[PDB]
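The residues making up each chain are set out below.
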Amino acid sequence: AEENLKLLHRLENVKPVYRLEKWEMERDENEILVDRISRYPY
Amino acid sequence: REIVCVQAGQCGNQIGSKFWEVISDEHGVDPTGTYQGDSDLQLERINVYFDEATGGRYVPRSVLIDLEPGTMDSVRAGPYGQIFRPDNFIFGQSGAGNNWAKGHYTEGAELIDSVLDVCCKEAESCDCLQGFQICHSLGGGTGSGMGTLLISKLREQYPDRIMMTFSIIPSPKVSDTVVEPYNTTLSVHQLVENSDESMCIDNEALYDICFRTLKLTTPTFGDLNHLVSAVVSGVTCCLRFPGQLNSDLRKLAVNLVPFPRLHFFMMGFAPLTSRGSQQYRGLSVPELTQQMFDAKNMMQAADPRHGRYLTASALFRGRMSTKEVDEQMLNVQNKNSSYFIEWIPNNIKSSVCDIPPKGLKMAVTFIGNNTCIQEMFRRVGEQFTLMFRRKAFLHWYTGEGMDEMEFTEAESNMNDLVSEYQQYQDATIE
Amino acid sequence: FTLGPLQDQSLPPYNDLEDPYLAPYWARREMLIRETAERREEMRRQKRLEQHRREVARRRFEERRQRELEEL
Amino acid sequence: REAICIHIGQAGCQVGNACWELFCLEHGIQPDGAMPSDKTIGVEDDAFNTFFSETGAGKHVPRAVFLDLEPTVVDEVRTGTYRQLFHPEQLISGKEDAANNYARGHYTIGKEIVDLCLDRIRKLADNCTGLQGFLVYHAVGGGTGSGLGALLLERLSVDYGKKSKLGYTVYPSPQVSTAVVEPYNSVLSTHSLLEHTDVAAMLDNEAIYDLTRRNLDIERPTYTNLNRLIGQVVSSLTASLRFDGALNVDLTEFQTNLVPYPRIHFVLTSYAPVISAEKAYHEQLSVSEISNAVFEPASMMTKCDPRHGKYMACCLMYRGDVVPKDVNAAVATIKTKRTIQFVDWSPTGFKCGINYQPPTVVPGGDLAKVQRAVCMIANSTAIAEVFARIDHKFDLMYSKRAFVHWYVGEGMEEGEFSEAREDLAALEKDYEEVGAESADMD
Ligand SMILES: Nc1nc2c(ncn2[C@@H]2O[C@H](COP(=O)(O)OP(=O)(O)OP(=O)(O)O)[C@@H](O)[C@H]2O)c(=O)[nH]1
Ligand SMILES: Nc1nc2c(ncn2[C@@H]2O[C@H](COP(=O)(O)OP(=O)(O)O)[C@@H](O)[C@H]2O)c(=O)[nH]1
Ligand SMILES: [Mg+2]
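Protein chains in written order, with the entry's author numbering: chain 0b, 109 to 150; chain OS, 2 to 431; chain 0j, 60 to 131; chain OR, 2 to 443.
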């Protein structure tokens, strides 16, 4: 019983690989990068 | 993948004669040993049970052991007796006396070495050895004691192979011997440690099969031994014929045994029907499936409706569709869901083989792991405790040399086996 | 213990809504919708605080630069 | 140009028999490896070369290996009708099976046989000049298919590296079942298969049984029917390398177009003109009708319902008499439908292929003869439902260590169960996260 509880606690806390937030921050950094490098308003 | 068979005692030698007759018939071997079959499918796996002797002959890989030669003279006098190799008959000069201690300690240790030499000579000749198969009664004297002694020695010498046993156990109503509880208890104690898979048969179930299903007016031991030889020869069919979904003894063990002590199984064979009725009903997968789960066709006195199935296996022989098998096993699991252990998502394994037994279009053999087997052991333990409290016949065993501590150990081990089955019967998800 | 009639021996069609082994999946989706909403709220809060810290740093830089210019 | 096929265990060898029967009959190679005396004349051709090599005396021999631990199925191929077609070295057989134990195949028994397999694959790869991938057929439900397939794919992935490996895999059906230990073997196989496969196609026997009951009129089907349908699918996918067409599709294009992220490589498969000979002559079978057919879940060869998820990419292969304008009209009509939905980050969802060779008819077959067919392999989030039921069955069984003593005795650490279960939990979370709408960020 105690081993099963430990494994369940471990399993409920697993982390995925891809994130919406990571893509979102990289996008809103690339946004200002593109605006800086562009020579016509964007 | 070669099997070595061992037949011990009167019951074992008698069942063995019919088994080797059935196997010789399906592969078309004459009682002189000559192959006379009519298809290459018969020859391509003859090695599995027969070794080839010079100029055509085949010899069966079996060891015969007994303490009095009366049975061996009877089997040598039988219609197929000549096929057996003369050097494979091992016998002593005095009987077991229905006593476990004599068979295990006094004449057992005297003869056992010659049996181990014969078993090693037979095993080392195979190019690849599969498990051993043993037939014996647990209620007798030389069968229980010397069979379990030899099983322990073979498990020491070949621990990586499979150990399979077919065993006859005393009926609760039809006793043939007064001291059956001692011999049965000590043998079950030895088997639960040594065995990998054990099948149990009640003579009462074979009588009920004959009277109710076959309506035989005057059955004889030849009929009971034919039913047993049929089921014994059926489990190995996928090892020795082609099929759409091959299976093997190790694969059966892996799918049937959830925990190592839970290796006691129920047996059944489906196409049983009286000679008058057979003209009225054709063979089909629904009819075989309906008979296969009917307790009337199951070979022990305990009834499945009082227990739950942990696992089951079905081996089908014949030209037939896989869809009907899959949908039948799903339908039986869905409609009777209360009789299947809920923490296993699928309890039935299926297997399909192209070649049916001779004279039948199709057949299936059923192996079942059901908790109702606990009822047999409880009955043996009650009769043992009634006899043991009063030292009813103990002086025979103590005079041979047994310490009383073995009886208390064997009783405790059987009680724990019954408890473990009872706990899994009443387990829940929570 | 009955196998039932022959006409009802066929394959039942698969319906994953009534599959007993997929209920945690549907429960997870029903939780996931609200989890996504609260994640969006947290994200906008973090963006606002990042803007605030950037503004404060800009003010500090302007003060330092004007002090460094006036010393000449 | 060339492709090598690897067949593992019972399902893989039996499906191989149907596949090689079809490839022989479509090219015209006799069962003894030769061709008729009048088929040599004509224009100089080599299309068979993708699957056969000639010695110079005109015998053909195939670029395949058959792997099994039990002899029976390979002895049946060795003693059957195609005895002279295969090279005896190609048929490799061990002594005893893996007994439904993944641990027995991977640790104890496959380690002795694996070096012969690698030596044979090396001997094949040395006799090629344009190898473009490995095709693998196996079942993940059995012991040797899972264990030896994983071990061999790991070794191939180290030795050959970047070369692509495409798998056709038979997964455990959602309610039809054959063995008790299927969840453990499927989870442990999938853990190794995640790292070492580029696209994995999933098949379930329950779907092909449903398809054979509804479209064909067969009340009692057997594995030869399912294997012939699988052979037709493989022939449709590989036809793009072998015959002329308007829009060809190289084997690298499937991997490039269907996989958006490196772990999201499991695809659904379906086939359109499954029809009987008696029904085929009363109805027309136009492009739009079979295109409409490929999207109903009753047409699929895997038991999943795509209406509970979103498609990310589809690859449609047309073979036979089809004109591109009809394909464009059909795809635009599908795109109009409201029960077909694509993830909003994949606006351009389709890849098309068009080949002129119509499908071949096999003498004992049950399909009718038809002038055109379409086959689809597609990536969809509905597949996450397939893993969740196996994972639930694993959790139910593992809570009581129901069979673990076999695996630990045969050589495996108990830790391997927890690692695989955690990796499949992360794969389920990946499919949950990828399916989240990008809209409403403000
Ligand atoms: N479609 C299809 N499925 C098959 C075929 N043969 C077996 N299967 C399925 O695959 C699973 C059994 O896997 P096997 O190939 O027998 O396992 P194995 O590779 O032999 O592994 P071992 O038993 O350890 O030797 C079951 O689900 C069968 O229904 C086949 O020819 N076609
Ligand atoms: N089914 C069956 N039971 C038998 C046969 N012969 C003996 N038995 C039973 O086995 C028990 C006797 O055991 P036995 O073989 O004599 O033991 P042994 O003296 O150690 O060989 C009794 O219950 C008999 O009824 C037989 O041919 N078939
Ligand atoms: Mg196998």
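The hints are simulated quantities; they were obtained by calculation from the structure and are not laboratory data.
A couple of the hints might just be wrong.
Unchecked claim - With a Cα cut of at most 30 Å, we get these calculated DSBU-like pairs of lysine-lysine: (1) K96 (chain OR) / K106 (chain 0j); (2) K401 (chain OR) / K123 (chain 0b); (3) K370 (chain OR) / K123 (chain 0b); (4) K359 (chain OS) / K297 (chain OS).
Do the hints match the structure? See the list:
1. Of the supplied pair hints, the one linking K96 (chain OR) and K106 (chain 0j) is violated, its CA atoms being roughly 65 Å apart against a limit of 30 Å.
2. The straight-line distance between the Cα atoms of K401 (chain OR) and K123 (chain 0b) is roughly 26 Å, inside the 30 Å bound, and the hint therefore holds.
3. Between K370 (chain OR) and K123 (chain 0b) the CA atoms are separated by roughly 52 Å; this puts the pair beyond 30 Å, and the hint is violated.
4. As the CA atoms of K359 (chain OS) and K297 (chain OS) are separated by approximately 24 Å, the hinted pair is consistent with the 30 Å bound.
When the structure is compared with the earlier hints, violations turn up for hints 1, 3 and for no others.
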